[PDB]
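Next come the chains, spelled out residue by residue.
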Amino acid sequence: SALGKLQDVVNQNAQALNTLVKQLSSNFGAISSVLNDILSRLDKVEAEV
Amino acid sequence: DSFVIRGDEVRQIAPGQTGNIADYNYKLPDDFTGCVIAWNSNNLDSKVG
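Order-wise, the sequence lines are chains A and B. The letter at position 22 of the first sequence is residue 22 when you use our numbering, and the numbering goes up by one with no holes. The letter at position 8 of the second sequence is residue 8 when you use our numbering, and the numbering goes up by one with no holes.
These aren't lab readings, by the way, just hints derived from the structure by calculation. Beta carbons: idealized from backbone N, C-alpha and C, even for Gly. A portion of the hints provided could be inaccurate.
Said to hold, decoys possible - Which chain B residues face chain A? A few, computed with CB under 10 Å, are given here:
no., residue
1, 14
2, 16
3, 17
As the list claims (entries may be wrong) - Pairwise CB distance ranges, derived in the manner of DEER restraints:
no., chain 1, residue 1, chain 2, residue 2, range
4, A, 21, B, 1, 42 to 50 Å
5, B, 10, A, 26, 33 to 41 Å
6, B, 8, A, 35, 27 to 35 Å
7, A, 35, B, 1, 32 to 40 Å
8, B, 45, A, 33, 43 to 51 Å
9, A, 17, B, 30, 32 to 40 Å
10, B, 24, A, 20, 39 to 47 Å
11, B, 1, A, 16, 50 to 58 Å
12, B, 23, A, 39, 16 to 24 Å
13, A, 39, B, 46, 36 to 44 Å
14, B, 14, A, 35, 21 to 29 Å
15, A, 23, B, 45, 50 to 58 Å
16, B, 26, A, 12, 54 to 62 Å
Using the sequences and the accompanying hints, generate a full structural model.
What follows is the structure, encoded as C-alpha cells:
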C-alpha cells in the first residue's frame, strides 16, 4: 500500500490500452465489427457505408 | 456510351454493380460522374419470334 502511486500509473495504462483494444469489438451502428465479414455480406456501396 | 439492353439489367448500369452487363458487357467505375439515360424500344428493336 506504500507503492500505490506507481502501481496506479501502470494500472491506468493497462486499463486504457485494454479498453482501446476492446473498442475493436464494438459496432458503432454498423452491421458487424468484423471487417472482412462486412466485405463478404454486401454490395460494395453498402460495405463502404 | 451507347447500346440496347433488356429492362432487368438497367439497375446493373450503376457504380458498384455486378451482374452480366457489369460483369461481361459494360462496366462503370465506382466514382462515375455522369448520367444514365434509357428508353424502351420494343417497337424499334423487337419482332415476332
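Now for the hints, and whether the structure bears them out:
Satisfaction of the interface hint for residue 14/B is found here, the shortest Cβ-Cβ separation to chain A being roughly 9 Å, below the 10 Å cut-off. For residue 16/B, the interface hint holds, the least distance from its beta-carbon to any beta-carbon of chain A being 4 Å, beneath 10 Å. Given the 10 Å rule on beta carbons, the hint for residue 17/B holds: about 8 Å separates it from the nearest Cβ of chain A. The given range of 42 to 50 Å is respected by residue 21/A and residue 1/B, whose C-beta atoms sit roughly 49 Å from each other.
Between residue 10/B and residue 26/A the CB atoms are about 39 Å apart, so this pair conforms to the stated range of 33 to 41 Å. Checked against the hint of 27 to 35 Å, the C-beta distance between residue 8/B and residue 35/A comes to roughly 33 Å, which is consistent with it. The supplied range of 32 to 40 Å is met by residue 35/A and residue 1/B, whose beta-carbon atoms lie about 34 Å from each other. At roughly 49 Å, the beta-carbon separation of residue 45/B and residue 33/A lies within the given 43 to 51 Å, and the hint holds.
Remark: the range hint 32 to 40 Å for residue 17/A to residue 30/B is upheld by a beta-carbon distance near 36 Å. For the pair residue 24/B and residue 20/A, the beta carbons lie near 46 Å from each other, so the given range of 39 to 47 Å is met. Restraint check, residue 1/B to residue 16/A: a C-beta distance of roughly 54 Å satisfies the suggested window 50 to 58 Å. Judged by the Cβ atoms, the range 16 to 24 Å given for residue 23/B and residue 39/A holds: they are separated by roughly 18 Å.
Distance hint check: the CB atoms of residue 39/A and residue 46/B are about 40 Å apart, consistent with the given range 36 to 44 Å. At roughly 25 Å, the beta-carbon separation of residue 14/B and residue 35/A lies within the given 21 to 29 Å, and the hint holds. The beta-carbon spacing between residue 23/A and residue 45/B, approximately 56 Å, falls within the hinted interval of 50 to 58 Å. A beta carbon spacing of about 58 Å between residue 26/B and residue 12/A agrees with the range 54 to 62 Å that was offered as a hint.
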